[PDB]
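**Q** Chain residues, written in single-letter form:
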Amino acid sequence: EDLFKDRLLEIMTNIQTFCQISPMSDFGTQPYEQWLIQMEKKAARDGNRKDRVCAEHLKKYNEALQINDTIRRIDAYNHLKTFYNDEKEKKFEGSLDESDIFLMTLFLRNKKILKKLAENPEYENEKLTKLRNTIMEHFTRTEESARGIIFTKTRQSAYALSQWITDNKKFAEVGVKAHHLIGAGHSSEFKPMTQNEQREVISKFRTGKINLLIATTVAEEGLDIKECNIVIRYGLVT
Amino acid sequence: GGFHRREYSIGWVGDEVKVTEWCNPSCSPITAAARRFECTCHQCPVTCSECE
Ligand SMILES: [Zn+2]
Ligand SMILES: [Zn+2]
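If you're matching them up, the sequences are chains A and B in order. Going letter by letter, the first sequence gives residues 546 to 638, 664 to 808 in the authors' numbering. Going letter by letter, the second sequence gives residues 168 to 219 in the authors' numbering.
Some clues are possibly wrong.
In silico DSSO-like links for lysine-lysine, alpha-carbon gap of 30 Å or less [claimed, not checked]: (1) A:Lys595 - B:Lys185; (2) B:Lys185 - A:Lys587; (3) B:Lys185 - A:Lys636; (4) A:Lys550 - A:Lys740; (5) A:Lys700 - B:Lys185; (6) B:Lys185 - A:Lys635; (7) A:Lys586 - B:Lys185; (8) A:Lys626 - A:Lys747; (9) A:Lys740 - B:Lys185; (10) A:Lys700 - A:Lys550.
Have a look at the derived ranges for each label pair, beta carbon to beta carbon [what the hints assert, rightly or not]: (11) A:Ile683 - B:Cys218: 45 to 51 Å; (12) A:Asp631 - B:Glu219: 48 to 54 Å; (13) A:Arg702 - B:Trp189: 19 to 25 Å; (14) A:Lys740 - B:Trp189: 46 to 52 Å; (15) B:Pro196 - A:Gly778: 20 to 26 Å; (16) A:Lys682 - B:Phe204: 26 to 32 Å.
It should be emphasised that the hints constitute simulated quantities derived from the structure, not laboratory data. The C-beta atom is built at its ideal place from N, Cα and C for all residues, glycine as well.
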């Protein structure tokens, strides 16, 4: 039905087989995510390296599943590619072991099919369609005073939503200038943005150089900008 | 303060999407939580074109 999603699920199955785990929760669900989070913590405690790295990687795939489901296939593919590109960089050119080799080779085996599935032009899902029409209708209606914030759950989601806007010229043609806005603290899920960069982005939003901020919810403390005339909550409650 | 800030909540079950929308006074706090606030600046209108 979704060949890209199906490949991801097959891969995650292989990894679970490799480290011999079988969680009650389903791939792509929050309780599955909370379960990986526990396993990973325990593996660091007990010092089980195989279990820790497998959980770490499984989380990257679970993340890709969620991006696939809520934004596009291409963004999910990029999330995985970037992660494996970083692993290759820091570990394959050492403290490299059987689990690292196994995970990396498993992804490389699938990379070109995943890439080509990602490159296939696909129709937007209903979530993104509803998001598009909301932005579009608001921007045409309020024109030069359009000033919006979209809240999303994760850093990778905010970045992906921003890329999608850029990839779609119709947004630009109704005035949209968007930018993601995320925290400074370290996260396994995504790179940080310094407090400095945050301040510059917000400044640009104040001046109107940016008019659509895409932020995580752990930003709302310093986003109380009176001139905002639309807020969109995108999948905060599922 | 001074106007209506349009508020949206886009949620789903599977790929079945539901949108909730309403209005807040422009003086009220910006929040990820889905809140209905009252106007404290006293310059905000009672309704706009968007909420009738
Ligand atoms: Zn007010
Ligand atoms: Zn209104």
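**Q** Work down the list of hints and note, for each, if the structure agrees.
**A** We went through each hint and held it up to the structure:
1. A:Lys595 - B:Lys185: violated (42 Å)
2. B:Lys185 - A:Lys587: Roughly 38 Å separates the two Cα atoms, so the pair is violated.
3. B:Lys185 - A:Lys636: Not OK: B:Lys185 and A:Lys636 at ~44 Å, beyond 30 Å, violated.
4. A:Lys550 - A:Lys740: holds (28 Å)
5. A:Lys700 - B:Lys185: holds (9 Å)
6. B:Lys185 - A:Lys635: With Cα atoms ~43 Å apart, B:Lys185 and A:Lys635 exceed 30 Å; violated.
7. A:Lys586 - B:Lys185: violated (36 Å)
8. A:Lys626 - A:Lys747: Holds, at roughly 27 Å.
9. A:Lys740 - B:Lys185: Holds, at about 24 Å.
10. A:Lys700 - A:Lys550: The hint holds at about 22 Å.
11. A:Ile683 - B:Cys218: 45 to 51 Å: Because 49 Å falls inside the window, the suggested range holds.
12. A:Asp631 - B:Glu219: 48 to 54 Å: holds (52 Å)
13. A:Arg702 - B:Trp189: 19 to 25 Å: Check passed, 20 Å falls within 19 to 25 Å.
14. A:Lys740 - B:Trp189: 46 to 52 Å: Roughly 27 Å apart at Cβ, these two residues miss the hinted range, so it is violated.
15. B:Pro196 - A:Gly778: 20 to 26 Å: holds (22 Å)
16. A:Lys682 - B:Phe204: 26 to 32 Å: violated (52 Å)
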